[PDB]
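Q: Spelled out from the first residue to the last, the chains are:
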Amino acid sequence: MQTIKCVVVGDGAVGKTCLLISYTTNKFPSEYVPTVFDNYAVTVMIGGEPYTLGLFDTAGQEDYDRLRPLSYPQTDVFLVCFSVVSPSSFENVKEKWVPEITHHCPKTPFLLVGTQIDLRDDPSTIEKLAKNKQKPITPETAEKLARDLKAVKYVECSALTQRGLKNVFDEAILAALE
Amino acid sequence: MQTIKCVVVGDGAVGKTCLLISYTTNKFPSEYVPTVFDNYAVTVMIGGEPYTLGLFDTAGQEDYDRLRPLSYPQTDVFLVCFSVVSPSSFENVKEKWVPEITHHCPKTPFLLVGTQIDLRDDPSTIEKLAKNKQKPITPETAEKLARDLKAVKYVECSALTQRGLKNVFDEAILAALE
Amino acid sequence: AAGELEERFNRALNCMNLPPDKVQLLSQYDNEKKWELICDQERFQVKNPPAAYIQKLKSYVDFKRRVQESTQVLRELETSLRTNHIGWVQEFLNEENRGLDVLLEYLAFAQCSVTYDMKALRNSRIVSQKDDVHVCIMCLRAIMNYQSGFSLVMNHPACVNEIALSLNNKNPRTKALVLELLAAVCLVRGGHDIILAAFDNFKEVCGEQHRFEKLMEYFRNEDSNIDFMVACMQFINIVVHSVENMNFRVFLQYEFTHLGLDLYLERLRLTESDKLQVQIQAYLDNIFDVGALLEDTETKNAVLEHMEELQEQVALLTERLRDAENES
Amino acid sequence: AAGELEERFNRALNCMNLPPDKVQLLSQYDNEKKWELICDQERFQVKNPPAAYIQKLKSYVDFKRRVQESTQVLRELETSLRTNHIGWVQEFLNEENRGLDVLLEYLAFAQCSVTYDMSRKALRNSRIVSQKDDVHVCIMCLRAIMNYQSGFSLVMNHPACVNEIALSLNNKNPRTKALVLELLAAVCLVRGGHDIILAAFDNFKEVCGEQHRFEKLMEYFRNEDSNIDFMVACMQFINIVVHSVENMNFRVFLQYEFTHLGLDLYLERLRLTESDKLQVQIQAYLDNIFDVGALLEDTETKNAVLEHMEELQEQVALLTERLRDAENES
Ligand SMILES: Nc1nc2c(ncn2[C@@H]2O[C@H](COP(=O)(O)OP(=O)(O)NP(=O)(O)O)[C@@H](O)[C@H]2O)c(=O)[nH]1
Ligand SMILES: Nc1nc2c(ncn2[C@@H]2O[C@H](COP(=O)(O)OP(=O)(O)NP(=O)(O)O)[C@@H](O)[C@H]2O)c(=O)[nH]1
Ligand SMILES: [Mg+2]
Ligand SMILES: [Mg+2]
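Protein chains in written order, with the numbering used here: chain A, 408 to 585; chain B, 408 to 585; chain C, -13 to 314; chain D, 95 to 424.
Do not rely on the hints blindly, as some may be mistaken.
[To be verified] In silico EDC-like pairs for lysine to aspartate or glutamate, Cα to Cα no more than 16 Å straight-line:
#1 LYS540(B) x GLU368(D)
#2 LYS127(D) x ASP528(B)
#3 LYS286(C) x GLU401(D)
Hints listed in this document are in silico derivations from the structure and should not be mistaken for laboratory results.
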């Protein structure tokens, strides 16, 4: 048989772990825990052939910068994640994450993934973000980035609303086989 | 009638007035009076002829610098004074006094006169001077000086113990007639 | 599947530069999920040795681009310092390679195009592209993540003075990182004296009148980027009040007042940025006013003599009330 | 000896530039020794007009050594400035003669070899005149001009004037240095005069190529123990420059400015001398020194004795409540 290794990288508290849990069990968790490393396994069907989908969850905080690349070996597709309402998390894509994975796992396709689309209309974030004179990333700005970073495609989703959530992993799997 | 005018200049509290009062009278004053200007007259006989000796006492304080030179016109001989126990008084002979008398009355002879010889050996004057890293003026150094400034002669004197006092004024009458 | 695996785990753990905080938060794993870590560690390999980068970087120092891949080679050089095992860093910075040196040599090469705006120049103006030059600071920030390397940064003379020179770069993101960096070195023990010597150097080489005055221009006149102002304001607040001696504090405080800090901050207290308003108010609570402090000192002694006036008034009064009570 | 009302006496009393202090003592003289003065003034005449001195000095500004007799010209000018009627000074300083200027440019000329070892055609011609007394005599002339009320005002409004004097501290003679410091000390205490002295040392910083303000002041003061009277005027200048200030945040700025230059640890060694003027000047400075730490410790916290004073404030009230009730029991 065959297996598809998928690693989710991204800034701390972007919602990597909820992204992985609101997908597999459709339960959106309440608890915030800084995730150290975790492994999930799900069998998925493509063209009547059983694939075992490997989901790897990594740490976002800078303390595990030395530990994180242990999840990297044998990766078929990467997920580079940021939140649409935190520009800090956005530009660490060009500064940290994309350069990190292209060092350790070159010639590995990856998707650009925006999370927390549901807060793009949230009132309390409207003022909080504008107060520091910045605004959330429009779909226009991110897909111009993915086009520069030689990313495969750009997808966005919310783990809470599950809107376009399944869509993320499926477009990701398609890139995994190339 | 002929007369010999003699003007006494020198720093304040050098003992000019005591020099003139312990000469004309034999009473030595202790009382300190800052003299603005004063006039004395004593008849002295030269070669058996009565000459009237004019003694002019001038101010030492720098406040009367513009007042003092009124006593200068028609001066026959000057007495330029410093104290042997005050080097401060010593160097004002060259920077202040001698160039002052030679501006207003050039080609007029003058004597270099050191006063207060009795304190050259006094302990409290030795110590007070030695504490400020100084030493009383040697007789060698005073005539070291006199030749350079074109003085007539160097004579030294103490008004307290009248001593070598008559000699000064004789040498002054002496320079006056040539 | 070793039956006594504890020793291995520790050996391949401290070679990950983990804080005492995060290293036993981890020490309590299942025995199986501990072996799992030990075996990925040795299964992981380093693609390129530190000497490889030294060469390709040292050679960049001498028309068209052998500096073409400079931006990315430096960029994956940063990545290697940060994410490879700490052993890799020890080797890069050691004496045979002398990595910190050659690294510093290149930054100086790229930044003599930016320090001369406000020898043979040749290739420096093109290399002055903001991406080539700024990653270099990130390489240093990474070295300063490692304890031995951070002390190695402080006892290297030109290093810290060099970082301060990179404050001249026109990019707000770069400026802020420099200020963030200098802030850390400033508060570590004796590190305050090191920062001063760096800005003193900055005064002479830039040809300016007062010491940190090119900085004051940057802080005041740009209202575009907020987080720069945050890192900037925080650097200033540290340099003035982090000091031990309180005479030195008011001396340094006055020097900034002269640069028109207080008169600009009166207008900048108006911003509705939460992040800047908090850093500004923090500086404003810390200011000294020697005038006010002498006035309340007189007051103390004078109330001492009024407390002596109260101690004396109560004595006489109560003594006379008992003399009236006895005459009754 | 005509007896009018004697305010022909007033004219020569003014025109002698005497302090009001001394005019109180002098105006109450006898009548004869009062008119006797008036006619000595009218008999006294001035040898040379200021233009005579101006010309021969301006000519010195452009082998050479034809100036050799310069030193005496300066010495005879000083004598003229100090001891002549006050008008002679005004005539020297007015727009026509323009004395301060030509005087100042000559000082600058004699002093460009000593400010440099640390315009060249002269630079060579500067070293020989610098040996001479000329540099030190010139300063004595300014000392004379600044005791004159109107002239002292003309000096501070002159930009370069005081600024050249600050450079006059570099001359090799200890007595000369001391004169510069007493002078600059004096200009320092007049209203608004403080900033002019600092700006002079600011100029002094660059022209001498020195790191910090002063610091050259500090060296002459520090490394020379030869002359007693220099340090006295020196130490009191420092005492002035630091504690005379309006703002006390600026004062402690200045105290540190000198402290950093190693004043305080040197003064502990210099406190051993019992030269009286120095023992007084050092201790005078140490009594004025500030310690924000000390002011902060006794403003520690709470000021809780306020409510210990309130316990006292409540006590007098209550005691008085019993004494007025005693007037009622009476
Ligand atoms: N509104 C909203 N909140 C979200 C979303 N996704 C995650 N969160 C929340 O954001 C917080 C962090 O999410 P989490 O999944 O733990 O983040 P992470 O990237 O795994 N962080 P780490 O790297 O530290 O493990 C959590 O409280 C979670 O509820 C989202 O789509 N919308
Ligand atoms: N030991 C000693 N003291 C003297 C001698 N002559 C004067 N004095 C003292 O020195 C002090 C000043 O003397 P005085 O005659 O007033 O000086 P002056 O030169 O007239 N000063 P002024 O110019 O201010 O009037 C006086 O206290 C006086 O007693 C001397 O020969 N020996
Ligand atoms: Mg996680
Ligand atoms: Mg007298």
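Q: Please go over all the hints and tell whether each is borne out by the structure.
A: Results for each hint:
1. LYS540(B) x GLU368(D): It holds: about 10 Å lies between the C-alpha atoms, which stays within 16 Å.
2. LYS127(D) x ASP528(B): 41 Å, violated
3. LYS286(C) x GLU401(D): 13 Å, holds
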